[PDB]
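Coming up is one lone chain in structure tokens, specifically the form solved without its partner chain.
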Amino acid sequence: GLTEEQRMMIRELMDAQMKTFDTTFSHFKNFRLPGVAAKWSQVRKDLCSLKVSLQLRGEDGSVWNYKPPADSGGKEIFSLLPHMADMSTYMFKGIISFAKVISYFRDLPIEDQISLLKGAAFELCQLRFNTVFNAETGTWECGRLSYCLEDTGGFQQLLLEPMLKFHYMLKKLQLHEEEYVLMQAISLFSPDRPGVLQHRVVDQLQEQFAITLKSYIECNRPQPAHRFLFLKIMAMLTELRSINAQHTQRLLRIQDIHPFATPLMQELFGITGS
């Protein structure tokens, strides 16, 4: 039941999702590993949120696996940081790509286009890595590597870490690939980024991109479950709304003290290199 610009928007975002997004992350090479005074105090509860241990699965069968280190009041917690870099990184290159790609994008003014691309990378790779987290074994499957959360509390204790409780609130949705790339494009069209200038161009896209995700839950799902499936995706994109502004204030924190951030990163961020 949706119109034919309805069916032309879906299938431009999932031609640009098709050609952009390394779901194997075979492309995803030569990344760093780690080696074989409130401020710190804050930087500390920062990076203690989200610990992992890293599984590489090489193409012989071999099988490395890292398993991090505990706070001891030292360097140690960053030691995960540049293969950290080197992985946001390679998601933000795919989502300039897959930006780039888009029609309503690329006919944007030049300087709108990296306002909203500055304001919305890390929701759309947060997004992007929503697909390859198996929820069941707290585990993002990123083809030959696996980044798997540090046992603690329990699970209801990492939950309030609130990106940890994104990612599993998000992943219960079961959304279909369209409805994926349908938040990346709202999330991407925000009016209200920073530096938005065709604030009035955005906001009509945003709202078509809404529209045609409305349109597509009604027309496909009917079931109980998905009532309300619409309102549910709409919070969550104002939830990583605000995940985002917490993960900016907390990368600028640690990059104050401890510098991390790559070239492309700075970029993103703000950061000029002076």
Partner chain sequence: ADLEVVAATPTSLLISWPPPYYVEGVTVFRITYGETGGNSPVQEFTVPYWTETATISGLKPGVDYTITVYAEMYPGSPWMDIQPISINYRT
Given for the second form:
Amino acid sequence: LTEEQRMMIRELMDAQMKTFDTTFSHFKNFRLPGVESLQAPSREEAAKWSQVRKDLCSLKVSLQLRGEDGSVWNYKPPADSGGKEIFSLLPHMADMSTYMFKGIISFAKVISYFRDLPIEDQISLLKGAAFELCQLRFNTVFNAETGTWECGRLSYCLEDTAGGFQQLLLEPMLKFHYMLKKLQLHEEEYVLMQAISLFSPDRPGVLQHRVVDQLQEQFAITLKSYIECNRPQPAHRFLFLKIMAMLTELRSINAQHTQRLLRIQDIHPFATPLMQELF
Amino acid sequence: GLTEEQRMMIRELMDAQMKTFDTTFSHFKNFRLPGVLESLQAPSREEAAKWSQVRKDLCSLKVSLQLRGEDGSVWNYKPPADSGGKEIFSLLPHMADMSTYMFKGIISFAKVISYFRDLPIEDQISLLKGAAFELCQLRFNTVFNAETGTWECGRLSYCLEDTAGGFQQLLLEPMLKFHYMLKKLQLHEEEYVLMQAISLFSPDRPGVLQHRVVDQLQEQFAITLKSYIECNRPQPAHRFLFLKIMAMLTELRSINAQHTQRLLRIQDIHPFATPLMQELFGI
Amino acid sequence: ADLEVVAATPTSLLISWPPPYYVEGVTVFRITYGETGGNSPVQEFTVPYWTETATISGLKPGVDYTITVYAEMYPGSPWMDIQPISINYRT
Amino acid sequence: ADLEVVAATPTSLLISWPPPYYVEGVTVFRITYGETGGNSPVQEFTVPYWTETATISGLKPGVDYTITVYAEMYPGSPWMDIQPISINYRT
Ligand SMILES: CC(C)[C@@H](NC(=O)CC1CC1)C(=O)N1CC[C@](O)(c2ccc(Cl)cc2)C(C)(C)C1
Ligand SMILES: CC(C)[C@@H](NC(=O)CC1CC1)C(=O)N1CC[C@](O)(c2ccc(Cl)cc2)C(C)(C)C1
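Now show the form solved in complex with its partner chain, given that the preceding structure was the form solved without its partner chain.
Then the entire complex follows, led off by the chain already shown.
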């Protein structure tokens, strides 16, 4: 592996370590359910409610909060009923995305090839890759056997459908975590994957297209090379292309997500000022 | 048949229950919860355990809290494993608020009954100070589910933790053997309330000045109870029921003693009792 | 003889109320206290009908607090009369 | 150098701050508000380093409030200097 590639990984790895708290020990003062939008009878053009329900039900999770003392507080969300009930966990998730976003921005800011870029293009990359970077980080704490995101004191475990697994993987977001987990990537791979997602020229708002596309290509080669050096090449020949395809799906999940969020925000403003500034 | 003055007593007692016992617990609100914003750990004296004794009384009565929300959500607390001590008291500030809600309703119960207001203040104070815990435990048994080991209190649910242990260890604790044995009896609403009256009007209680005036009332309700069983239950199989119920109240009086003692040891470590618990309890 | 403050330190208070004419039947006395200006969330506790004295603790020094006593009747007759008795104290 | 109130109703506010000096340094801006006298529990929210304007809503009419902006650095160099900028308004 070449010395400039080695130098990039070293940097990217340091940014992860400096900006990703795998323990979530500093995620505090978050809202909890039973601790927001008024139900509809009226309506005719909602309709809009049925679509939001159809996007949200597939991503139903239960919250488990372990206490220092040893106690375990556990929330089981309501079944769909009519409305409102479906959003009980979204104000907590807003605070969860906000914690995650601070760390993502911090990640980018640490990397040299990010500060060097112009402000107008810095703004464009973080506005477009924040969701993706955060989803990659979430996958690192994901347990595919139990369907849980282990976030230190917090734990978010997907609800049964049966339905699923047939219904479960029909939702792109979950097929992603499950398929990405299967790959069993190194810390080096997840962070390179994070770099390639960050420095994406295709993103709306990017003025200096050439300057960014050359960086994406660099990390992409750095990734492809790493696999050719640190993994037994016969079986792990097709891994680079698999990872690259996952990032294409991650870009399309991001699209699907921005769309789902606008429909959610149309019913009630759940998004925090930081979430707003990024979306 | 049951005589008109006995009929009149039951009618009164039943009305007091209806007026003062909320089986839904819908007005028990603003209660404290664990992990929601008590005594500092002992590192590590000679004359404590006491700590080990308190631990030995509390572990046998370990329950988990389940809070159903209107919307349909279910918040569920699993208490810590013992560690020592501090962990052991996580649920006691909630239970203080639970006893306080229960006590209001008990006092209200007594106040409704004619043969209670008629009594002198100094003797009213003595009966409620002595029977509040017992009346409340009888009321708790009404919402007990012996199959699941749960006290179903409307939105709230308190389910006993696994002994492992087993049922051998479970019933070795007088308090639980009581709920389980009292449940088995499958008493009528009339029986639970008569049982409540006999426990309330107990002359033996410390502080009672007008001993005869109270003992005559206990005897009345006792006959009213014994008579009810002889009228509304098939006498061959239900012959021995009155004596069984009477024995349960003797055990309830001794559980009360054991409890007052356990509470003083708990209070010696940290003051958990609310002002109403203190006055009803000797403070 | 209102409500009155029997004795007080800048942290604790002793309150007395005359034990009025309806005990038959009042069941409990809801006693409240909070810093006379609104902002703090109002504190409350109950005591049995037979009590004429109560303690209010943890107060802040040289602060204006408001105290109120609510009589709670057993279901059926008052004495459809109440009022809550009140007093304001500086520690 | 200073934080100002661009426009305000008795319920809402528009705030502006001139953008250091730094960044590289700063990930996000922690913006705080609460009625200046103590009692109310202080409110906060963050905005990205590239923002010069923010909105503060749900305020009470005619009421002395306190606003503060904290700059949060990415791990490694400031600019080891900070200070938080402050202002007071009554709607
Ligand atoms: C992976 C997916 C199941 C899920 N994770 C979780 O349930 C918990 C685990 C990651 C911590 C997730 O990350 N999301 C992404 C965030 C979300 O889109 C949303 C968040 C906040 C607001 Cl205001 C509106 C919409 C969601 C609808 C919550 C789905
Ligand atoms: C029957 C027994 C298991 C139990 N019930 C419960 O756990 C669930 C309630 C709904 C029925 C119970 O009634 N008790 C009685 C009360 C208690 O003694 C206590 C309360 C408050 C304080 Cl400050 C100190 C002590 C206790 C140690 C909590 C044990």
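We call the rigid core whatever largest set of C-alpha positions still superposes within 1.5 Å between the two forms. Numbering follows the first chain given and starts at 1.
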Subject >> C-alpha of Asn30 moved at least 2 Å between these two forms on rigid core >> reply: no
Original post:
Superposing on the rigid core, is the CA of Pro224 displaced by 2 Å or more between these two forms?
Top reply: yes
